[PDB]
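Following the hints, position chains A', B and B' with the ligands against chain A.
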Amino acid sequence: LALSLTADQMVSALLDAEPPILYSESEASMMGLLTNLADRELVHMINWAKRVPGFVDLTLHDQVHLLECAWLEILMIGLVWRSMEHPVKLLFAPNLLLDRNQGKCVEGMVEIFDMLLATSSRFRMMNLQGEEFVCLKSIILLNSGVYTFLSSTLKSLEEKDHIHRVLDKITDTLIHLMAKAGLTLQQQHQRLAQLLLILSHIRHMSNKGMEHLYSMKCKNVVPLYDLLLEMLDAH
Amino acid sequence: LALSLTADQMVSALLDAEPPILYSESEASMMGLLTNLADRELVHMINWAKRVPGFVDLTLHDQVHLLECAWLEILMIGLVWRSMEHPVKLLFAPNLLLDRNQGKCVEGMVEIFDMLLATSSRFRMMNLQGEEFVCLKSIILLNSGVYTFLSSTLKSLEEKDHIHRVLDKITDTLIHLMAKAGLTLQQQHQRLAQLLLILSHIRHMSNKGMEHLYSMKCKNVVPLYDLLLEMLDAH
Amino acid sequence: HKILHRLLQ
Amino acid sequence: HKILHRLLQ
Ligand SMILES: O=c1c(-c2ccc(O)cc2)coc2cc(O)cc(O)c12
Ligand SMILES: O=c1c(-c2ccc(O)cc2)coc2cc(O)cc(O)c12
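Protein chains in written order, with the deposited numbering: chain A, 306 to 330, 338 to 547; chain A', 306 to 330, 338 to 547; chain B, 687 to 695; chain B', 687 to 695. A prime marks a further copy of an entry chain.
Chain A extracted, bound-state conformation:
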């Protein structure tokens, strides 16, 4: 039961469940590169989700729902995290470091690349730590689709309450980390807020990215990658 984990047991576990590092393998060519990478990452995201404290306590239907609702936001936060140390660049994969102008290969892509670069620059100046990063990524998984759960079932309501309590623990964990980092109580509250407010920006970029992917899909410029198509369809 995730509710028993201590702050350190929570973080250490999240850090150990991190997905493995993957390498990537015109407008269509660009879209192919990104969608191919996302499809492959999704397989590992599913394995990772299973290890997020509390995720497997949910019904299979609810696990599916959370992943359908947060997948792109999770790929994106991982991307801004990797891109931290590379000012002005987006590190999609160790062998795929793209500059802002690279986004011009695709109509409407520079816009989202700019938002991604902005968030990365933001995490950099804030000096986001990996312990914090993994907590944020888990929060996204749990928070995104919880309010879209059915409200017409006692079991669904209990599922929502369970997720909310696990989310509370992750909150204590984040506070704990900032505490030992030497932050005052005021700095802790402020930093926790800044981080959670960024999650709001990520949800926005994800929504914009999704609309972009669907529009390209419609232009038939998206390869038939079955899992990616499944996740896209869920939106």
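Be careful, since some hints might not be right.
Said to hold, decoys possible - Label-pair restraints from in silico Cβ distances:
id : chain 1 : residue 1 : chain 2 : residue 2 : range
1  : A       : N532      : A'      : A493      : 49 to 57 Å
2  : A       : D538      : A'      : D538      : 45 to 53 Å
3  : B       : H687      : A       : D484      : 38 to 46 Å
4  : A       : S464      : A'      : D473      : 42 to 50 Å
5  : A       : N532      : A'      : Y328      : 47 to 55 Å
6  : A       : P399      : B       : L693      : 50 to 58 Å
7  : A       : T496      : A'      : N532      : 54 to 62 Å
8  : A       : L466      : A'      : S329      : 29 to 37 Å
9  : A       : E419      : B'      : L693      : 30 to 38 Å
10 : A'      : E339      : A       : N532      : 27 to 35 Å
11 : B'      : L693      : A       : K492      : 45 to 53 Å
12 : A       : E470      : A'      : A493      : 26 to 34 Å
13 : A'      : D538      : A       : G494      : 48 to 56 Å
14 : A'      : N359      : A       : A318      : 49 to 57 Å
What the hints assert, rightly or not - Derived, one-sided and incomplete: chain A residues facing chain B' with beta-carbon distance under 8 Å:
id : residue
15 : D351
16 : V355
17 : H356
18 : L379
Note that these hints are calculated values from the structure, not bench results. Note that beta-carbon positions come from the ideal geometry of N, C-alpha and C, so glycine has one too.
Frame of chain A; chains A', B and B' with the ligands shown alone:
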């Protein structure tokens, strides 16, 4: 300078700047009712924004940007707030209390009505207070469009830093309120997080609502309300 | 944007 | 949804 305000001076000021209560005056008819109300509310939202500590310190261009980015999310959070005391209903105006099924008058609207009802139910169970509500609404105004500010100008960068500091104050204000409410330090951190995570849901509903409004606009079922059309266009 | 600009000024 | 369902199981 908003940075000088104390927690109580912050809240009292926000509470005094609340917009006045407005009354509302087939698929087209339904869309007309909501868009007409939103257009009228936007006029008062602009007046309200001017009174949000720190908003007027920004360049006119940045004020415009924040409002263009957060307007629908602000109308929506005000709507869930008003609907708190009315389980299963949405109180658009004192004379416009709509049930869930009313959303079936418009293709794709019940979906967003359900998300709105869910958030309202959420704020209810959490027993959200008006002092907290006004802080959240101000955070939305300041946070939504700040990361979309240009990054290609020293002045823009300073504008972003200023907004971030004002946002920090609002964070201290929220903590302060929960403190005197008798909440432990742990309950304070947890509640602050729950509230900020809800803002993420609101951004999602707003994005969905915007796509819905544009699609209807395209079906030529949206009256020519100039200000609403201006704000919609900005997206 | 003209109405918004006007009202803000 | 079938692939997601399979991988999760
Ligand atoms: O950023 C992405 C990604 C992506 C790929 C791997 C990652 O780790 C993160 C995002 C995938 O498909 C897209 C598809 C789009 O149409 C636009 C985008 O910005 C993206
Ligand atoms: O909810 C709204 C509102 C609205 C109106 C007044 C409020 O206070 C809040 C939201 C306006 O236009 C829409 C237009 C839409 O297409 C769908 C919607 O859900 C809405």
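Which numbered hints are broken by the structure, listed smallest first? 6, 11, 15, 17
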